[PDB]
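Peer 1: Starting from the structure of chain A, add chains A' and A'' where the hints point.
So you can see what is in the structure, the chains are spelled out below.
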Amino acid sequence: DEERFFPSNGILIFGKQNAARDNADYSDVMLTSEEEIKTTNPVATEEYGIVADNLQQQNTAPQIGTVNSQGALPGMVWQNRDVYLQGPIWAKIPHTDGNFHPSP
Amino acid sequence: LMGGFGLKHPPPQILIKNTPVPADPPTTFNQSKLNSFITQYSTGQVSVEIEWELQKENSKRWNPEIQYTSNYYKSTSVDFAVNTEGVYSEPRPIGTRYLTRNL
Amino acid sequence: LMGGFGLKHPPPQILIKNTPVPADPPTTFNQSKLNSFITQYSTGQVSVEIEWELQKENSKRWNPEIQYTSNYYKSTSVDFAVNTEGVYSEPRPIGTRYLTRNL
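These protein sequence lines are chains A, A' and A'', in that order. A prime marks a further copy of an entry chain. The number in the entry's author numbering is simply the position in the first sequence, starting from 1, with 531 added. The number in the entry's author numbering is simply the position in the second sequence, starting from 1, with 635 added. The number in the entry's author numbering is simply the position in the third sequence, starting from 1, with 635 added.
A couple of the hints might just be wrong.
Computed far set for chain A' versus chain A'', every beta-carbon distance over 10 Å [as the list claims (entries may be wrong)]: (1) 681; (2) 691; (3) 737.
For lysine-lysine, the following DSSO-like pairs were computed, each having C-alpha atoms within a straight-line distance of at most 27 Å [claimed, not checked]: (4) 691(A') x 695(A''); (5) 652(A') x 668(A'); (6) 695(A') x 668(A''); (7) 623(A) x 668(A'); (8) 652(A'') x 668(A'').
A short, non-exhaustive set of chain A' residues, derived as facing chain A'' with CB atoms under 10 Å [as the list claims (entries may be wrong)]: (9) 701; (10) 702; (11) 704; (12) 705; (13) 706; (14) 711; (15) 714; (16) 715; (17) 716; (18) 720; (19) 729; (20) 730; (21) 733.
Keep in mind that the hints were calculated from the coordinates and are not lab data. Cβ atoms here follow ideal geometry from the backbone N, Cα and C, with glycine treated the same way.
Bound-form chain A, shown alone:
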């Protein structure tokens, strides 16, 4: 129910025909939506979850921390960003010793 929200720099954006190169007006661009993956992926503008923060004892109340940056975790399963009729097709994987989930 929040189609009006989007990550400041977390989606692809195409311009409508003749949209100015700079400071193009919102009505002159087209924002993409990766809403389809709400099902397995974190929402881009919220925390991943909550972890403990201290060692609760009888004299100490339990505290928690918010996770805004979560790396690979045993058991995770995700989806990749969708592709668009006017979006890129492939990309060269950088020649490096290692990489994680090589999807552009």
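Peer 2: Just chains A' and A'', lined up with the frame of chain A:
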């Protein structure tokens, strides 16, 4: 993490030991284990041959690349050589990454 | 003496020339040689392939040798590259003698 190749089955551990040589035992039986041994040590040579596979460079880079090189000007002694005392010494650590490749 | 290989029979001289194209001559005969020509020049590509035989190094030297190398730190521009004007330039003369051999 200290660098290198991770092997599930690496070169086996090679264990060596000097076989104990009892010094003359008592003249009448005794259950206790012998603790009196002849003193000795061993010495010999050991060889290790390793075959390494290289992966040649194939760059289309036009300009020169950075190469590891020996210092040009005079010095007290030679780098990676012996002393006047006969002591080999490794002046600096030498890396591996000199040639370049794109991403 | 300027350096190089002395050949009794070196790569032949390759001569090229634009064939003269007379401009319209006089309407009545004249013994004099034509001196009125159409103006023109030619252009094209040229290729040269050379096969060189190498003589690999076989040194038992233990320490590093002097190698030709590119400068390590930052610079206005890249050596043996083009300008901001598009002008290739050769920063220094590069020799041949880097590896060492005994006498």
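Peer 1: Each hint needs a verdict: does it hold in this structure or not?
Peer 2: Hints and how they fare:
Even its closest Cβ contact with chain A'', about 21 Å, leaves residue 681(A') beyond 10 Å, as expected for a residue assigned away from the interface. Even its closest Cβ contact with chain A'', about 14 Å, leaves residue 691(A') beyond 10 Å, as expected for a residue assigned away from the interface. Consistency note on residue 737(A'): stated as away from chain A'', and its beta-carbon is indeed over 10 Å from all of that chain's, at 15 Å minimum. The suggested pairing of residue 691(A') with residue 695(A'') holds, with an alpha-carbon distance near 22 Å, which does not exceed 27 Å.
Taken as a hint, the residue 652(A') and residue 668(A') pair is honoured in the structure, with Cα atoms around 19 Å apart against an allowance of 27 Å. For the given pair, residue 695(A') sits about 55 Å from residue 668(A'') by alpha-carbon distance, which is inconsistent with the 27 Å threshold. Only pairs whose Cα atoms come within 27 Å are accepted, and residue 623(A) paired with residue 668(A') is rejected, the gap being roughly 71 Å. Between residue 652(A'') and residue 668(A'') the alpha-carbon distance is near 19 Å, which keeps this suggested pair within the 27 Å criterion.
Among the interface hints, the one on residue 701(A') holds; its C-beta lies about 5 Å from the nearest C-beta in chain A'', closer than the 10 Å criterion. For residue 702(A'), the interface hint holds, since its Cβ comes within 10 Å of a Cβ in chain A''; the closest pair sits about 4 Å apart. Contact between residue 704(A') and chain A'', as hinted, is supported at the beta carbon level, the nearest pair being about 4 Å apart and thus within 10 Å. Hint status for residue 705(A'): holds, given a least beta-carbon distance of 4 Å to chain A'', under 10 Å.
Restraint check, residue 706(A') versus chain A'': the minimum CB separation of about 8 Å is within 10 Å; hint holds. Violation of the interface hint for residue 711(A') is found here, the shortest Cβ-Cβ separation to chain A'' being roughly 15 Å, above the 10 Å cut-off. A hinted interface residue such as residue 714(A') counts as satisfied when its beta carbon comes closer than 10 Å to some beta carbon of chain A''; here the least separation is about 6 Å, so the hint holds. With its C-beta approaching chain A'' no nearer than about 5 Å, residue 715(A') sits inside the 10 Å limit, and its interface hint holds.
With its C-beta approaching chain A'' no nearer than about 6 Å, residue 716(A') sits inside the 10 Å limit, and its interface hint holds. Interface hint at residue 720(A'): violated, since its Cβ lies 18 Å from the closest Cβ of chain A'', which is beyond the 10 Å cut-off. For residue 729(A'), the suggested interface contact is upheld, since its CB lies about 8 Å from the closest CB of chain A'', less than 10 Å. Annotation: interface hint on residue 730(A') violated; nearest CB of chain A'' at approximately 13 Å, more than 10 Å.
The restraint placing residue 733(A') at the interface with chain A'' holds, with a minimum CB-CB distance near 9 Å, inside the 10 Å limit.
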